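Below is a structure I'd like to ask you about.
Subset of chains shown; positions unchanged.
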Amino acid sequence: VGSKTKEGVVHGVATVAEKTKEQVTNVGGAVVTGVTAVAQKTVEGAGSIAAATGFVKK
Amino acid sequence: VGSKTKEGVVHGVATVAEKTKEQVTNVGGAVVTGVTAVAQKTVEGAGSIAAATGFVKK
């Protein structure tokens, strides 16, 4: 009878990075460099998992 | 009877990167460089998983 329910889920992940140089040179604005294995289950809202959301104005 | 339900789900992932140089040189605006194995189950909202959402104006 048990109902098995799964939403916004990330599992069984195995990342391997090999980097000599990772440079981010930002001058103003917004930057989102690296996002791995993240989850969010929002209700009644504006959700942004990995988003550079620049409200740049005068 | 159990109903097995799965929504916005990412599993069984095996990433292997090999990078000598990863450079991001941003001058204003928005940048979203790398997104791997992410999940989001939003309800009643404007969802953006990996989006550079630049409201750049005067």
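First chain written, first letter: the chains are A and B, and each begins at residue 1.
As a working rule, a contact is a pair of C-beta atoms (placed from the backbone, for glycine too) under 8 Å apart; a residue touches a chain by one contact, two chains touch by 3 or more.
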Number of copies constituting the complete assembly, 2 shown: 6
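Heads up, the rule we're going with is that only the chains that are shown with their structure count from here on.
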Separation of chain A from chain B, taking each centre as the mean of its C-alpha atoms, in whole Å: 5
In the complex with chain B, residue positions of chain A that touch it: 1-58
